[PDB]
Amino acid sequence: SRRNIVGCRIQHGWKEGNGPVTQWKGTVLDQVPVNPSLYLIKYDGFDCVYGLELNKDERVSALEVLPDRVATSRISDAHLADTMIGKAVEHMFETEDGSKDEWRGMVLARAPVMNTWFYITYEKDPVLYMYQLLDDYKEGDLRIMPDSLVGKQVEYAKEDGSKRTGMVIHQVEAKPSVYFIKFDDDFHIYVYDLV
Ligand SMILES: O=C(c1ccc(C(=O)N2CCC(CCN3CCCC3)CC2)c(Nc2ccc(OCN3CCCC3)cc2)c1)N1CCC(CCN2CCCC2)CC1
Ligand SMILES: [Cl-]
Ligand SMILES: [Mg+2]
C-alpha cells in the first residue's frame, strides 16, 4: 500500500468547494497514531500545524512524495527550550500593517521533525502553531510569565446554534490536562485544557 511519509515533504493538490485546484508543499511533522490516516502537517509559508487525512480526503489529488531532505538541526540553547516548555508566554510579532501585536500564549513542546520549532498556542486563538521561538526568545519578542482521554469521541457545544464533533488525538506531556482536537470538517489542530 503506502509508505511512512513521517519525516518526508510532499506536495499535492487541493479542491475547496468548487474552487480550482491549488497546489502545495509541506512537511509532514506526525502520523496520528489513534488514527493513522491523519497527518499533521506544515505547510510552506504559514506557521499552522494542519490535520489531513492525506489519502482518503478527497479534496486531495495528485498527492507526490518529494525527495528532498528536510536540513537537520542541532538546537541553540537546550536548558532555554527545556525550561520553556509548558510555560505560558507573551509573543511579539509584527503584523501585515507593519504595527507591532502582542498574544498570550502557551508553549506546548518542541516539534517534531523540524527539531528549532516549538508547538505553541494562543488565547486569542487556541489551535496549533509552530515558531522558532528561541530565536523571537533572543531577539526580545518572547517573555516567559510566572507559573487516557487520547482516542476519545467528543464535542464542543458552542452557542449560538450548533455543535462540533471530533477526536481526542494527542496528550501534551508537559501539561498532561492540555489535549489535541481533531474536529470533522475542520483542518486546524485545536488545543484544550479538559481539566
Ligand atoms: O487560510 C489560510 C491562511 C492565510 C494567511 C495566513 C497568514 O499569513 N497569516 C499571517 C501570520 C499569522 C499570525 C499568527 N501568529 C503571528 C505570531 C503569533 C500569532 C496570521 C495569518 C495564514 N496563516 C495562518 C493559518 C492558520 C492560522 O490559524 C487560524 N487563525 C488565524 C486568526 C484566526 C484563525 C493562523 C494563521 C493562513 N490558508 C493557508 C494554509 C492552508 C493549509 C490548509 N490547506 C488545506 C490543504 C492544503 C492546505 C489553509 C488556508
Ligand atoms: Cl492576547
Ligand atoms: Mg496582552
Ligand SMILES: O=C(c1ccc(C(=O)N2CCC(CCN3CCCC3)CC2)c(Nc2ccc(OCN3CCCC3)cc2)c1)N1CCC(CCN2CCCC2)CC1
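For clarity, a rigid core is taken as the largest C-alpha set superposing within 1.5 Å between two forms. Residue numbers count along the first chain shown, from 1. First, how it differs from the form deposited without the ligand.
Core-superposed comparison between the two forms: the C-alpha position of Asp68 differs by no less than 2 Å. Comparing the forms between the two forms, the C-alpha position of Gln153 differs by less than 2 angstroms, with the core used for superposition.
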Second form
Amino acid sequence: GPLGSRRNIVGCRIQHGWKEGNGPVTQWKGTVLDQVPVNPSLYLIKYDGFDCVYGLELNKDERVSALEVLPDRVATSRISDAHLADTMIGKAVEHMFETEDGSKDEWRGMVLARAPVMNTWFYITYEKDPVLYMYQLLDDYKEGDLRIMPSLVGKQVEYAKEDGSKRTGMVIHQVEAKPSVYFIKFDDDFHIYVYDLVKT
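Take the protein just shown as the form deposited with the ligand bound and give its structure as the form deposited without the ligand.
Partners and other molecules omitted; one chain follows.
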C-alpha cells in the first residue's frame, strides 16, 4: 500500500503545511532521516532552516497537512575527511556560534553519530541544551569553529516536573558510540532529547 516497501519515505524529500493554533499555515520542507523502530508512526526529519532534528508522526499529527513525498531520494555525498569524521564521533567538543555583535560564544557539546541519509551531517547535543542538533561539523571544524576535546529503548518514561506532574515519553534510541546516552521523545513535543541516563 501507499508509502510501503520501496516507497518508504525514509531518505526522501518531503514538504507539508504546518499549523499551530489559529496561526497561518506555513510550508515546511525537509529530508526524512529515519523511522523509529519502537514507534513506526514516528519519523525523524531534518527540516531546511531548523537546526534541531524533529520527531513527528507525519501521517497522524493534525498540525501536518497536505503532506507531499517528493520524487527526490537524497543521494549520499562523499565525506571530505573520513578519518576526521570517524574521530569526532563520541567526543566532547567546544562549538563556536557567532551572534548579533559578531561576538562568538563557545558551547560545550558531544558529537553523537553521523546523521543517516544526510551523511555529511552530524548528530550533536549540548550540555546546556540537551536536544538533538544537526550540523555539517567538518565545515565548522575547517573554519576554526569546532575544538575536539581530549534494553531501555522502547520503555515509557516519566519526567518529574516541578509542579508535581509527570511528563510522559518514550526512549527511542541508544547512542551506539556512547551506550549510556539515549534519545527520548516526549509525547507533547517534537524535539528529541538526549540524556546520559544515570542509574538510581
